[PDB]
Structures are given as C-alpha cells and as structure tokens.
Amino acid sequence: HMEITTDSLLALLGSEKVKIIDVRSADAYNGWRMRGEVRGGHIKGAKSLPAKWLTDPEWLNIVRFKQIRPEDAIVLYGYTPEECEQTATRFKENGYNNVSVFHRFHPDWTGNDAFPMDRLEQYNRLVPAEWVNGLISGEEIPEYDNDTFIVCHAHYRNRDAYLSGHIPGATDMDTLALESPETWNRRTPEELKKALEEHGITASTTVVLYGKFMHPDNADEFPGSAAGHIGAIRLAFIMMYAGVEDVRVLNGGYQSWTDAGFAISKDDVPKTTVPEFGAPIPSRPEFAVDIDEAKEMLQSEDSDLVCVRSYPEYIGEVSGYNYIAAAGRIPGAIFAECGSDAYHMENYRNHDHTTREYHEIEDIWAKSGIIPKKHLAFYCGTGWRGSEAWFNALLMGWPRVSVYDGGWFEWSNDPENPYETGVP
C-alpha cells in the first residue's frame, strides 16, 4: 500500500477531492485518548470508518452511503499503519485503487498542536466499553475524577432485558421509575427524588446508562420494551435535568459491551438505597420545555421545535404508537426524520447502534435550519427519540438545546391545539 507523508497531508487539508478516513473506534474518533495520546480526536475533515466494521457484511454499503467513490483519493490512518492494512486491502478488492495510508498520525500528528484536529466537544459523556470495564474494575481511567459510580441497565417494563444478560454489577432501572405512563413526561421532583434514592443515585454519583436493543416490533404490545438504548438516553436526559452532575451513556449500548468481549452476567443485583439525593430537583430545568414554552418557541425567530419522528407519523398517516390515538403534526416544527418508526433511530445511529458520525448529523441538521444559534426543543411522540436527538446536540456542545417533553402526545391530548396532516 502506498504511503502519504505528513507534509503532503497538511497541504491537502480542505481539498474536496481527498477523503481522509479514520479507521479507529468511533470513540477514539470522537476524542477519547484511547492510547494515551496527548491530543484526542480525528484529523480535521476526516470521516469515521472503524476497522471493526470489516467483519460486518454491511461494510461496502456503509462506504457507499458515506459517499466514498472509487474515483476518490483515499487516505487511511489509524493509531498505527498496521491497523489500516485490512481496510486498504478491502478497498482495493472493491475497485478503489487510489488508496494511501498515513503512517504518522500517532504520535506525530496527535503530539503536535500545529496540526489541526477535531473532536466531539463533550465526547466524555459518551463512553466506550473499555472505559466502563476500567471503571467497574477499579482501574485508572481518563475523564473520571469521582469515587462513586453506578452502572444502570435501562428498559421499559422488561426486566428480562436485564436478566437475560447485563454488564457485571449493573442494576436495572425501569424507565417507569423516572417517567409517568400517564403523562409520558418526567415525573415530579418529589417522585424523582425518591426514585433516584431507591436506585442508589445521588447528585454526585457518576451514573453510566445503557440499554439493550432487542428489535422493536410494531406488532407487539410494548415495542419500547425492546428499544432499551433509546430508553437509556431518555433516562440520561431526565437524570441530567434532575441534577445528576456526571451522567454517561455507553456508546452503542449493550452491543458495544459484548462486542468488546467482556463478561456477561445474569445475576439479579440488589439495589442499594441512598438516604438523600443531595441536590434540588430540578437543577437543570432549562433542559426541559413544556407546552406553554413550546408554543412561545414556535413564535420566535430565535428558536424552533424539532420533530424527531418517522415520515408516516409526520404526514399523519399513523400515530406511530398503539397508545397514542391522534395522527398529525405540530404546525411550524422542523422535521428531523428519526428513521423507520417510533422505536428506531437509524438516521442517528450506525448499524452497531453507536451514534452516527457527528459531522453527518450537523450537516443534515443544517440543511433544515437546525443550528446551534437557535434555542431548540427536540420532541417526538412522548420524548424518547427526542431525548436521543437532544443528547447528540448536547454532545456537540450546542448551548441552547432542550427536550419538549410533552411531544405529540401532550399536544394532541388537548383538542384546542391546532395540527396539520398530509404531505406538506
């Protein structure tokens, strides 16, 4: 495989016909210093194509989806040039003949402040499996300065999602602990205080949230019981709103844990009780938007509601849920198609459920006027998908992002509220 030098790569940075491809893990790409490098993240402009994906049959369709064409001049890099060999060969097998490997990313590029790098601004909220393993093992890990933690396996009324296999030592939290199946909003501060204490969570406890994807099926009575990792990010939103200072989400959920080869447990871990949450609830109320404020945001040039639903929901063909009656949409919201239905986030995730390359998210969002200068309230049917979209914006450091908790459920439960239907 041909090589490209450091000086050559610097000179070409910003050329629209050169495709730089980072084959490290998505978490390293995001900013995690997985090998102790002084500077984490990716070379400016690089795309993410983790070499782990070579074992997946989707690899070639992913490359094409990311608009990497055989006529492109491709530059690969990893922590070492040896880490790039298989990817380069796979490219050549598929008609990509202009492929170079950059050998000096680490430590030459990472170690030199003058060479531009990018990263997810708040990457340390989105943790890799290796970090969780180190935390549970009591090993030294970066981006951690606490002495109190809990790993929480989220699910919606489905303890078997946890009992069928979970991260060792983790306890389960039903999403019903923190949100009401009546309002489908976050519970009241007094309810939240008691629920968090009964799961052993204080405001100064580092909470690591994850869920298990079990293929939600719209035919089923409770498809959300299979969308465990959406549920985990939904609980992350509620905990951050409530006042847990250090909340992490395991990138890709349970899948990332087993893909790393770490041990699986089926023990029903007893919950510990803490006497006091230790902070006022909510400590970050600005993360949550309710319907009066959502109506105000529809009237402002400074702000927008962002509808994170599927297309059949958006045009009022279906409600999307077997527990929401009305089908339609909120007038004036910006459509941000989630994926296929109410329980999937394909447009925001990779095939392995890790978050989609954040540059692609910000690019698609920008085309619809979803941009960080606005106060944005993401929403969906009841707030699950909206919480995951919100979390992605939070990770990018966007300063004014919220979840309109009530969503379409609350909006349409009031017959006075106007709505739209059909293709716009």
Given for the second form:
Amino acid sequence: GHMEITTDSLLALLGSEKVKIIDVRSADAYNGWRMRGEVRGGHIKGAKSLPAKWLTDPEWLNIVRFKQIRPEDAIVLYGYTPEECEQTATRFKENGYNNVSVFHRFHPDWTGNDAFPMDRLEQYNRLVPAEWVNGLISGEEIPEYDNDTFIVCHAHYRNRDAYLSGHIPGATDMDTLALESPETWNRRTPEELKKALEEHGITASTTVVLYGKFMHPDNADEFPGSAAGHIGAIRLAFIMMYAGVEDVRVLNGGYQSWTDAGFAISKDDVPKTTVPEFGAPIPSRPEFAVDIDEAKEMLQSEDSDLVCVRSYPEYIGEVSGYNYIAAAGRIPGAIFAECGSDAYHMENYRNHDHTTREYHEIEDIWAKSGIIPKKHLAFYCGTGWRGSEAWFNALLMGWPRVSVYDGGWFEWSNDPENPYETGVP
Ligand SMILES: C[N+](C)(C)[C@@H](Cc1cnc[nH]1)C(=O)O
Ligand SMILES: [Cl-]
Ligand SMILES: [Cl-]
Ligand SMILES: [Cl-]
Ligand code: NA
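Switch over from the form deposited without ligand AVJ to the form deposited with ligand AVJ bound, please.
After this comes the whole thing, all chains and molecules, with the earlier chain placed first.
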C-alpha cells in the first residue's frame, strides 16, 4: 500500500530542501556500525535518524516535530529491510503526513555500491552498541575489535547500589572518586591514576568498555550525581583516554540500552582482578586536558575557544547549579552550549533513550555559535562531567583539537580575582 521510491528517483532527490530521508534503523547502525555485516556502514548522505523502536514511546510525534520534520515535506523512509519501515510509514500517515515513501534498496544496493553517497560518525567504533558488548563478554567474533584483553566498567558516584541493583554480567564498578579528587574535582595525579587503574584491573593495552545507569537525578537531593551514572561513565572515559588507555569504548545509551536489547543482567558483587602494572606513561594524551592557565590563553586567541556546557540558570548566574558550589556566574568569553534542564541532565545532547543525539544535529547547533573543528576547543562545565560528555561527542566526530577544561566554573570561581559575568547576555 505504501509508496515506493526507486534508487534513481532518490539519487535525483539528494540535496533538495523539501525532501527528508529518515533512517529507521538504530542509532548505532546510523552512526556507522555494520549491524548486518554490510560492506559499508552508516546512513544515506543527508539522512536523519529516527529509530523504529521509538514508535513504542508516546513522545514519538514530539521527537519528529522537534527534528523539524513537517507534513509539507516528502518523507523517504529506509532501513535494512523495507518491511522494517512499514510501521513507521503507517504512523506518519496517521499523523497528517501524506507524502510518505519507502526506499526498498538500501541494503545491499546502496551499502555495497560505493558510488552511492554515505555518511557516518568518523569515530563510531568508540560508541559501541549493546550487541557488541554482549558479543565481547561472550568471546564471539565482533567487528571493530582486534584486542585480546577487555574489561567492562560500571561507573557511579558514591553509589555501589547502582552497580548492585543490576549490572552487565562480569562487569566491575568504579566509583568516580577513584579517578577525580573531591578537593579540586579535577582529574587525579598520575601516581593516583596509576594505582587506581591498576587496582581495577585496567592496563593501557586493555579495552575498557564504560557505561553508567541513569536513575533519574533530582536537583534537591544530597548527591544527585549518584543517579547520573552515564555522564560519569563518559567522564571516566575522558580521564582514562587522557591517562593512556588506547581502546576506550562507551555503551551508547548506558545501562538502559543493555536491558532494552533483551539481555539479562547480574547482581553479583564481582571482585576486582588487579593487574600489576598500567604499562604506559600517565598521561600519554596530555592534549585532552586543559587547565585554568591554558584556558585563559584560549579565551584571548581567535584560534581557540572554551565551550560552556552548563544549564541556562547557571549561565545567567541565577544559581550555581550545585549544592557544593557557592558562586553563581559564568566565565567571560566562553561560547555557551546549553546542556539541558539542570546540571544532571543532557537533553540537548541525548535522545529520550539516553543515546547520543544525532551527531548531525549537534554539529549544526555548534556551528551556529562558532563551535567548529577548525579551532582548539576545551569544553567545560561546573566540574567537568557535562563538559566531558560534549567533548566525547566532538571526539566521535573526529575533530582534531578537542579538550576538556577540567577546572571549570568551580576552579574559576575559587579565585576571587578571576572575572565573571552575570544576568542575561
Ligand atoms: C563532581 N561531582 C561528582 C560532585 C558532580 C558530578 C556531576 C554530575 N553532573 C554534573 N556534574 C556532582 O555530582 O554534582
Ligand atoms: Cl537531502
Ligand atoms: Cl546519566
Ligand atoms: Cl561558565
Ligand atoms: Na575537574
């Protein structure tokens, strides 16, 4: 019943402003993961991501409208299989979208023929799906993995209960306080990171798969970070990558993506299998970390900028954003990139299933504010968690000079002589 567009008609529609090509597959296949063993992973050039699993969520229509997909547009759906687009095509028709067509020949006609344009996340192999993690712990052959030593880490902030309430089988928990000091809220000393990483069984040659569990943080609680598990996992990914771990993966979406895939969980308290040595100088990637002295230089140079990954009430100085940060204000000269509702949510960088937002939508918003890969960018926030997530998103894009200003507003405001702004800009 649904209309069909031929491959030649779709090739002619490429570049039109009225046409919207929508990838129905998962975000990981959209990012570049070859989920069905295709010769070439990714999406049709110019396509948007709207996974079919979002149909069971009542915000589907709001997600579509938020992506500015209007009924005036010619909708072209595709996936690994045209029958996988039948449910989405019907839902579009039931909501006032009359021009809905299904592209039947994406796999293997578009994937196998390199003459057809395809785009992908340049560093997608660091944003692993749940199926990849399951194959890793099962000893099965998986793509984008050529190592022999791995470890799955469940990140949390003074909350082992986040690990004991349910985790990936065989995984071990790492409190974020093991890699960052509560005094400076920055990354720890190399000697401290060396001891901490070794005691958790992590070497530089180890493939560390990091993930966290979202447990709905509340700003009024004592330690809301204990529920922002996935932000801490990306925060720990930044520190480990800065330390010298070469193969660091992050589970796209966190713990929920594991359970949403139908994989069982474990509640065991897995003991740590320590390693005698880390095996590399810490830090082996010093470029990833930027401190306050270098941050002030980047504010003065047109070659560099700092990206304020904070919430709007924090940016205008209405609130500090934390129950342990006294001063309220913003660093002058930094480019504002709103993170989300408060300091413990990343709505502007995530989907409703906590997977990373469509990376094309992120770089377009960043481009409108001057945040471009041409510059050396040091993302920051209150202490570094939200800045690390935005930094990881840019690193997945392949940006050559992205860093994290570790000190953030906390270190900046701890000095009374540092300038600061307030109110609406
Ligand atoms: C540095 N701690 C762990 C105390 C932060 C972490 C954090 C979460 N969202 C932004 N930052 C906090 O919990 O407020
Ligand atoms: Cl297009
Ligand atoms: Cl989270
Ligand atoms: Cl700021
Ligand atoms: Na920090």
